[PDB]
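Engineer: Read off the chains here:
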Amino acid sequence: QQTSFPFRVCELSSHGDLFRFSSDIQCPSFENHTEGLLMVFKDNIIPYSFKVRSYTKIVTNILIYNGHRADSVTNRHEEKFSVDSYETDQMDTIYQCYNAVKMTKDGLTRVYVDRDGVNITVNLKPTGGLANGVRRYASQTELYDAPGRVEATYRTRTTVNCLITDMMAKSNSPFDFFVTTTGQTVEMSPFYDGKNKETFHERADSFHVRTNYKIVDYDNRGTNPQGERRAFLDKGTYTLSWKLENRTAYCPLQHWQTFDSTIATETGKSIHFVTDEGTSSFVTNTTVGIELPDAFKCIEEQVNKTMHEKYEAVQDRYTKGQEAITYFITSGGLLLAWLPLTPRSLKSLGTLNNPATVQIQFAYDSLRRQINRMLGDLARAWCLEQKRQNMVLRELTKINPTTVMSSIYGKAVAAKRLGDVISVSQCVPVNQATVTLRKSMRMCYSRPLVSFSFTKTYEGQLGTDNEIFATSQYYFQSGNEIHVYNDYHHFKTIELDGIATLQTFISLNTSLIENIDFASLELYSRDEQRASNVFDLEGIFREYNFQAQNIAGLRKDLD
Amino acid sequence: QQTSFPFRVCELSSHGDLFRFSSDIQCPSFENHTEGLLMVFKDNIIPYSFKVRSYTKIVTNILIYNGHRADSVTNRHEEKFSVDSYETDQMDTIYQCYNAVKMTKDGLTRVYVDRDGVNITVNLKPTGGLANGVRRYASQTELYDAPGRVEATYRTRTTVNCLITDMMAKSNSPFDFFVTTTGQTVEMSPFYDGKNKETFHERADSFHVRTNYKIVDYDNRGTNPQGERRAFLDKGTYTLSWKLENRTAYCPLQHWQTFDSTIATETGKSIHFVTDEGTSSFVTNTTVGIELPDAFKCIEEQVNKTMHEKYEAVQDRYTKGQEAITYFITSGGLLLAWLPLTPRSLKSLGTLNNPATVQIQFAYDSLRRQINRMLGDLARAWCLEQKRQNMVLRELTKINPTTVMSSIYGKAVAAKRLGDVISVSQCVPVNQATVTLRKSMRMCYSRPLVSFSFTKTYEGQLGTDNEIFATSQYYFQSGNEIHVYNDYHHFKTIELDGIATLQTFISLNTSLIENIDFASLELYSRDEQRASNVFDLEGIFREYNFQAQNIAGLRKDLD
Amino acid sequence: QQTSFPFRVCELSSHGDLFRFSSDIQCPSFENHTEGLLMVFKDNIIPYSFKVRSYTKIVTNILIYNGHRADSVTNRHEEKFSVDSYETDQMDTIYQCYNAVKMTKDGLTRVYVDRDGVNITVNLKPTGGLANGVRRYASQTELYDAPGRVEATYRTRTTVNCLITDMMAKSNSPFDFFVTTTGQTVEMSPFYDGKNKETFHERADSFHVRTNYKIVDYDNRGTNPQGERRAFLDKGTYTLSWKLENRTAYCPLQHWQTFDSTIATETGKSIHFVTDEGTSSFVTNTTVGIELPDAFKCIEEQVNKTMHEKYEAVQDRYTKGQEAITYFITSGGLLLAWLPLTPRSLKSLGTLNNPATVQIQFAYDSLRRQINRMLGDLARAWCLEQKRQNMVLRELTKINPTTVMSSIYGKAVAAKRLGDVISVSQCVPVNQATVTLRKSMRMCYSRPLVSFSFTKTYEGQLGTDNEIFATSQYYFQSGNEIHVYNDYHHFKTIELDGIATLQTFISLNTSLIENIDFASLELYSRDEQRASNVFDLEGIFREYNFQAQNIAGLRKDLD
Ligand SMILES: *[C@@H]1O[C@H](CO)[C@@H](O)[C@H](O)[C@H]1NC(C)=O
Ligand SMILES: *[C@@H]1O[C@H](CO)[C@@H](O)[C@H](O)[C@H]1NC(C)=O
Ligand SMILES: *[C@@H]1O[C@H](CO)[C@@H](O)[C@H](O)[C@H]1NC(C)=O
Ligand SMILES: *[C@@H]1O[C@H](CO)[C@@H](O)[C@H](O)[C@H]1NC(C)=O
Ligand SMILES: *[C@@H]1O[C@H](CO)[C@@H](O)[C@H](O)[C@H]1NC(C)=O
Ligand SMILES: *[C@@H]1O[C@H](CO)[C@@H](O)[C@H](O)[C@H]1NC(C)=O
Ligand SMILES: *[C@@H]1O[C@H](CO)[C@@H](O)[C@H](O)[C@H]1NC(C)=O
Ligand SMILES: *[C@@H]1O[C@H](CO)[C@@H](O)[C@H](O)[C@H]1NC(C)=O
Ligand SMILES: *[C@@H]1O[C@H](CO)[C@@H](O)[C@H](O)[C@H]1NC(C)=O
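Residue numbers (PDB author numbering), protein chains in the order written: chain A, 42 to 71, 75 to 390, 448 to 543, 550 to 561, 565 to 579, 590 to 679; chain A', 42 to 71, 75 to 390, 448 to 543, 550 to 561, 565 to 579, 590 to 679; chain A'', 42 to 71, 75 to 390, 448 to 543, 550 to 561, 565 to 579, 590 to 679. A prime marks a further copy of an entry chain.
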């Protein structure tokens, strides 16, 4: 950086060395982006959801006592049975069933019938229900509970009701079971039939499927509809049916975002798909490795309907680069569908839930493209400055080659100029101890005389930089101080720091980037999320169970 | 960039063209921020929550058998009835009720009384309960179950218990229903009365509201309290009451963050509200468009209490810019309240849950302000460099106008100097084929002679850059090589690449910004979140339902 | 910036002032990072989870009617009792129990036995269950329900079943209670014994612990196993046991990430732990303040096993800086374990759930290190440019000190050169009103004559910049226009803007950073999260409760 010029004696070039001025500067200089159509999908988390019908006969017995002043109902007992096919299907079409219910236990037969009367046919009429909840049809909305006519006696009254409920059920992959709106569980895939690989944990022979099945809504009661494939299941206390869709009904991933104009920018490791609209950028570990998906075929349709709309609605300035679409997988588990456009002449994928990554990736990807393009101009514009700083030197040498030389080099040197060529040598510094100045200057010497040694003495003349070889006021430099000379005769000697020094240095007051400790914030804490339900799962159960145990303590004493 | 100087003959200016040196450089140069008080609110997600009282008489009958060696309890049957107003209100004030229960079914009357005895008045005393759960008062904590006195006979014992439960209920907007701690559901708004637009799906006449109602805590039993408006609801197996608040009780959005010093910075599209403390920045699509909210009036109070504290606690160096506060909506669904300060003389808003956006927006907004301010200094400081690079040229021309000229231009040119003005022309290049050098230099020529053509021949002298018009050692340039001249006589000819070339070019070894593939990370996965509950909703139900179906299979044989 | 040179008369230096050229430039110049092993932990949110065994005898009575044509089952009543120790432990070892059940109510004894027969010993054999759910052993999988033999009569049949269930329970800190797979709740810590500070809300004497207890799996029935400490609890309708672990079994925080090579970089406020692999950076409010944790001792083991592997697998180029490990807490509630390596010779912590912070912190921390290192080169490289722009001036003064001087200063000045020293003065501007040029130039004057005042007149010669003291064509500058002089005689007068002006200014076409409004996006909304469960908590309850209230309305008429 900084450079000492000892008092150097330099009346010596033995054509040391020589360099030329490059007739001209040789300016050293210092990414490939294809527009395309981006479309990203994510893992889908909404469980597969479908309509289910359930059927069931409810049998209630009330024990009713006929006292002398009033009556007491002393017990009520309600049991719910399944419904056989012969009558599931009067229910599905005409909406009639029987008011009776049969079974066999150890060979003996048990039977229940409405009002302890006879087994007849009845209609299921609609009943009321929740704003927007399951819909039911029942056959006896009245409970049979009339005191026998003899005072001081118990009579037991039977009532039977056929109940159909329409509601929906949900199942999650890999489809081991499903659950109906009202809380019922079924241990099997909604997609299972005889012989399917689909999962099945129910009785082997409580399941069966009907073909060209005729279900009708209560409002097309007695209409002949199209016919469908229906599953039927017996669960002891009810029967369940639903329509038998293939497993293709359900789709693993779902469409997240679709990006009109996006630039795919290639690198070593990966490819960055930056989109300006989504203000985000998807990176994939691919290096050109375009895939084709297998068990995600569920997407083809929409994936290629949308590409068609995009393409067509921009079709004029652009042509297709790949004839087909290709597939990429994000590190965060997103799935990219992409086809690039060139100009015309002039199982699960395991999505992480961190939407921030792709936008950070975009801040930084963006501030990169912008800093780097301004750095390129620093280059060009700065290169021009050198191209002329060069020439200028070529000139300045012609004045005095030496200084100009020392300067560029960065050390005490000396040189002569031999035409189109400059010849630099090296100097050898004289005694810093013995270096002495002389008073006189006698025509006159524009430069003072001085004498010095190395072991005997010599006599010489002072150059600028402390080099050595009417009304007259001049000033001169020496080792660590200046000299005042009136009329070619010495006057006084001021120090290097006495005479004011002029700075010419354009300050580049560029200040550097701060540290900033980024604050940790959240929109919603966990408690806030927990407290966000109306159903106190814990409250409702813990008190339920507490009360329960209290009544159970009544069954006995506690010493 | 790079520039060929053919061997050009240029003893010709027909006062081609002339330019002056701008007596001085004309330096081209290259946002408005108002401090204010920021305060952001979010969508609130904690459901509206209030105290509820429920009331109910429980009737149990036990069937108790008196055997000869021991007794068996063969049935237990428990039914829960609502409570009429005449007695809801002994309960609320004195805490007494009846041990009896009446009703009419098909004109006939049924009645139950404790211990099958007489209808009297009883006290409800406090019972035990969960650490911190619902509080109850009961009237018969004992169950009546004593064998009749005759051996080998069934007797049926009635016990009745009045039960009050204090607990809380929760309701979510738009308030279609609510649910009490213990799991009970009510199909209506907690804010509904006769004639209100509030939602109501219960029986029209099971609901009613009391005015100046007197409820007292068991500990101010028999105190005359203030009186309040209370809802009363009959749900068949219980009555429910709660205090009748207006719907203003509940608030859609809640206070998130409040920011002491924040700078609002305006743009084309939007306004950026950057805060240094929150280390974040809220952007709004407004362009000055300050709003005033309508159904969020719930905020006014706190919003303007806090502004008052802020203002006052900084009131001296600052004055109010708007006299009122104004309202803004973030793209991420936050709601900004803001009033700017100037110095003194010297339905839902749909919050997204992505806390990252505003901090990314702030990283980049920040690195922008910082890069751009350092780029401004590059400007000023670099402009100074040109201001002096200018002057320097004005000088250097005076030495030899030509080179200095070619240089700035970027092509072979030639010029004379006419006082304060320079006159540039254009040259015409001679034969590159026929260009020949001469041996002699005989006073002497400081420049060698050479002859050349265009079709006949001419004879001339070599200029620097290959232009054309005692102990003597000099060196000279020619097309693609140098010439050694001893004593004004040619010696040898070395090539352009034989003699070492000196570089003067300050290297600007600025390296550009890396690519960095940002990693995809999460703090907590989904499984981790799912596994985070103690209640296995699925476990508790699926086994519940399995067991259930097992007992149901016992009702019959299975061939 | 811009500078007026009035027509200034400057034949006056009274050795005004003088400055020297710093023999050389004095170049002003403009963070400490230690590699180490990072390892971060988070708050753990998976509740403590352990195996539980429950035991219980179920007593059912069926009321079975024997009609003349068929039989009716008119009631069923099932009660569940706990199991005493004398027989809990036949169950745990041999898997036999009694088919009978006893109790005392008000001194009187009640008893139930299977099939209303005699009290014997029975085996509990395995039963079936859910794919992968709780496992049970039962003793009577058959229900006793056989019509008495007399026509038109009720008989009541008793059946008793002993049931053991193996399942698991979960408890959350601070461990106030726990819940078993099937929905049962227990009001106490799973870690409680006599005298422990652990929490206990059950009966004081229903709890007890066995020592060297012998439980065996049904498959090592009658094997003598090791023996263990077991809790036993009576809950009225069942007994529960589990193994009695210490509370150390459970750990508050869990291991999140572990980082091979990471650089810890110190600042004023904080320390930044940046890791290149995790592409993230953890900041801590510490300032060297290394902690040691207290109730997180659960980590020591793994924390220091992993440090050992890391260390050893890089042990050669690195040595340990601290002999022990030290502990830090992130602002986002992460807990850093860290030990730094130097080269060899050549309660809860409250984790926030915002994974984005540490990566933003890293984008910006990174773009800082990179911008700042390129800014350092701007410095060095730009400093060199000044170092030579300096020297060049030292030269150019020797041509004409004045202009060179005015230039560097930035105002009209004038100077002479006194050897190694330059002496600057100040000038005094003459009349802008009265400033007049003369026609002649008669040997000749290379500069025209002009006369001017201040109040009387004077006569003088024009300098460059408007200063004042055969075939001849020259051109000259004056106040706001130029002058054409043919043969030392005036010709015409063109304006400052008539003659074309040459620009030499290297354009630094650096453009500044854009604003970018960052888009607000989420991967999964709330509805999407809510809709993601199969169990409609609300559906299953609201319809449950609706139906319930419907049957309750049957108990009476409604005028
Ligand atoms: C009721 O009658 C129908 C028609 O004969 C028959 O299929 C059904 O089994 C009968 N049910 C009972 C309970 O006897
Ligand atoms: C399921 O398979 C059957 C027969 O192969 C077909 O008729 C039905 O439409 C399929 N479902 C779909 C939508 O592919
Ligand atoms: C001037 O430059 C230095 C380093 O180059 C820096 O420390 C300082 O902050 C700068 N000042 C301003 C106001 O930019
Ligand atoms: C019990 O007595 C009170 C007081 O006369 C009365 O209001 C109530 O209806 C009676 N209840 C029954 C169950 O008879
Ligand atoms: C609700 O309205 C009533 C009467 O207009 C009023 O007395 C009551 O205080 C209101 N609630 C509030 C807090 O505005
Ligand atoms: C030197 O500069 C070039 C381009 O200007 C760049 O490729 C290289 O990385 C730089 N070297 C260093 C060490 O900064
Ligand atoms: C059944 O017998 C065993 C063995 O004597 C005894 O411990 C138990 O109390 C008896 N149980 C009943 C219900 O009598
Ligand atoms: C719990 O404490 C007991 C006795 O002090 C000990 O035997 C047992 O192993 C402890 N548990 C652990 C794993 O520290
Ligand atoms: C040229 O520079 C100016 C300011 O220095 C800027 O406004 C403009 O965008 C630049 N042009 C380009 C193409 O970089």
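Please keep in mind that the hints were generated in silico from the structure rather than gathered at the bench. Wrong hints could be hidden among the right ones.
Any copy will do: because identical chains look the same in the list, a pair fits if it lies in one copy or spans two.
[Stated by the list, open to error] Calculated cross-link-like contacts (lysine-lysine; reagent style BS3-like; alpha-carbon spacing at most 27 Å):
| hint | residue 1 | residue 2 |
| --- | --- | --- |
| 1 | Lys499 | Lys512 |
| 2 | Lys612 | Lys499 |
| 3 | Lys448 | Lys239 |
| 4 | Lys149 | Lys124 |
| 5 | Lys517 | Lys499 |
| 6 | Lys566 | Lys239 |
| 7 | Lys124 | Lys488 |
| 8 | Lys540 | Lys448 |
| 9 | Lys258 | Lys169 |
| 10 | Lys540 | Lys517 |
| 11 | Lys540 | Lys341 |
| 12 | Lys488 | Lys499 |
| 13 | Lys499 | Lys540 |
| 14 | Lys517 | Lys448 |
| 15 | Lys488 | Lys517 |
| 16 | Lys239 | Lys287 |
Engineer: Each hint needs a verdict: does it hold in this structure or not?
Structural biologist: For each hint, the structure was consulted:
no.	hint	result
1	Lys499 to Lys512	both (19 Å within a copy, 22 Å between copies)
2	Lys612 to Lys499	between (34 Å within a copy, 25 Å between copies)
3	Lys448 to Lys239	within (22 Å within a copy, 52 Å between copies)
4	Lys149 to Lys124	both (16 Å within a copy, 25 Å between copies)
5	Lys517 to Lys499	both (10 Å within a copy, 19 Å between copies)
6	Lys566 to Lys239	neither (118 Å within a copy, 105 Å between copies)
7	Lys124 to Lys488	neither (98 Å within a copy, 100 Å between copies)
8	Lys540 to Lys448	neither (100 Å within a copy, 89 Å between copies)
9	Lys258 to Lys169	within (19 Å within a copy, 46 Å between copies)
10	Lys540 to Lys517	between (30 Å within a copy, 24 Å between copies)
11	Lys540 to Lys341	neither (102 Å within a copy, 86 Å between copies)
12	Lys488 to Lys499	both (18 Å within a copy, 20 Å between copies)
13	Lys499 to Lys540	between (32 Å within a copy, 25 Å between copies)
14	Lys517 to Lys448	neither (82 Å within a copy, 83 Å between copies)
15	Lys488 to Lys517	both (24 Å within a copy, 23 Å between copies)
16	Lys239 to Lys287	within (17 Å within a copy, 45 Å between copies)
The structure does not agree with the numbered hints 6, 7, 8, 11, 14 stated previously, though it agrees with the rest.
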